[PDB]
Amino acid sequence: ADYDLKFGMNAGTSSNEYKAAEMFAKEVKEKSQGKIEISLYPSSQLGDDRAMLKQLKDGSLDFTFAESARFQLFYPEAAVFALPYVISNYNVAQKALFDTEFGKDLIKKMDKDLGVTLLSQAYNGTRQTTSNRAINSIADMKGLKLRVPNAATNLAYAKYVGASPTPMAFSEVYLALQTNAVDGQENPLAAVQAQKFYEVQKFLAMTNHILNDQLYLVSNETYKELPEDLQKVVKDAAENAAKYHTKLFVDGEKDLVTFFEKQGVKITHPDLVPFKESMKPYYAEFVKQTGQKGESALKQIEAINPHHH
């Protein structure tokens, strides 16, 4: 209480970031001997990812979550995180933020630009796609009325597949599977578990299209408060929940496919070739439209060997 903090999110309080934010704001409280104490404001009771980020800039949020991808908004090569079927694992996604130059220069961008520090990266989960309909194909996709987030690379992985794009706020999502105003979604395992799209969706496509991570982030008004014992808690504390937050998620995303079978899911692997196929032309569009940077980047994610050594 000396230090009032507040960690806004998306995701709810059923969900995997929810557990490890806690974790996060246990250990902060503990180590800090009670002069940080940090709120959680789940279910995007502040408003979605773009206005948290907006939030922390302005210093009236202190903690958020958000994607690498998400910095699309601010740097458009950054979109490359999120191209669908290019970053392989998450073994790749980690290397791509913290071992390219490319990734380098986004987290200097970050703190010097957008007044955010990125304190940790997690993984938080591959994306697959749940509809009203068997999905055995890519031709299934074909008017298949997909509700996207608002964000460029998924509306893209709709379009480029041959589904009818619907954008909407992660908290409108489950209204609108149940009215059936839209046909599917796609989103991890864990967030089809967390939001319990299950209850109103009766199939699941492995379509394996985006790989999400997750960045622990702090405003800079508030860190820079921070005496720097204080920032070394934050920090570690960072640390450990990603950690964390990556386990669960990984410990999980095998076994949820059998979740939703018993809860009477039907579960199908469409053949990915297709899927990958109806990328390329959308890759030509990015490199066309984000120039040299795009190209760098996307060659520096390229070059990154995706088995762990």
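Numbering follows the first chain given and starts at 1. Each form is matched to the other, and the largest set of C-alpha atoms that superpose within 1.5 Å is called the rigid core. First, how it differs from the form deposited in another entry.
Of the residues checked (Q94, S120, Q193, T222), the rigid-core alignment between these two forms shows a Cα shift of at least 2 Å for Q193 alone. Relative to the superposed core, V257 undergoes a Cα shift of 2 Å or more between these two forms. Once the rigid core is used as the reference frame, the Cα position of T130 differs between these two forms by 2 Å or more. Once both forms are overlaid on the rigid core, the distance between the two CA positions of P270 between these two forms is 2 angstroms or more.
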Second form
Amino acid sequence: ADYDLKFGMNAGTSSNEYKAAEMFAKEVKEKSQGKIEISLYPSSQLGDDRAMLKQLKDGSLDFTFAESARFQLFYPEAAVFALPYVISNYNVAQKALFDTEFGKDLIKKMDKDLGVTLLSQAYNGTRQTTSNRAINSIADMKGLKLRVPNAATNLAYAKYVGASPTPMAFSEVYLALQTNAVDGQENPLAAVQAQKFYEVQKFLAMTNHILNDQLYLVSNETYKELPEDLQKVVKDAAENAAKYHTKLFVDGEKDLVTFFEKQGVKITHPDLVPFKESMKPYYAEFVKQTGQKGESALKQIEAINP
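Alongside the form deposited in one PDB entry that was just displayed, please also present the structure of the form deposited in another entry.
The text that comes after this line covers the one chain and nothing more.
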């Protein structure tokens, strides 16, 4: 009869992540018969994700979100999760995490080394490519000034598919696109909406190049000290929330394709075989850099059938 718990996130109060985190809190409060109350700290009120992960380890924050690829910070091979074309769809991302030796061991490491218990995994959208001219096939990527965040995997995507990667302040993007200083960008659909890139981009291509998940993480210092019945309430709620979280993305993506088209955007579905094939030299550079541990992770994840 009473645990006052804290759930920190990067995501804002208008996000799907936030909405699912509210579902989780409400469920935990109801099913705990009011014994557990979870307060939400959106928009990095408590720090960035690195800082919030550290708070989970030390026990000063109870819950947070992270994506599986973010653990590349501790184990370089965990970058496998955001390698372009490695994770074909969300099913692959789930089997990668929970149904490979690599994934299982990563989960154990989060527990033992990082003090974190992985309660559930949700889908957080797939990255797509908008542009000012149609992407009918990989040929059209040549010469495309493609804005990417300053992240190695996104730069590799732009590079190896033949585009000209163009790192730029996120604020500057809308007007760069409007004046054709940049030809396209690469982001999930939620972001195209949020930034109204549909106003300044009349083409979107389902390039499905990088898939994002989100993990419901709890501090060991909190979770392992809860009564077994409250542990179950927390775990059950996280699983329920993750399934909701997934559906918000899956549905939102479909809704948004339709709305974008309403706004004049034309959608294409280009053949991704050559897109994936072009990544092989970056995969080689991934294995070179992350060693036998990263060769192993890749082989385990191919053979997952999508």
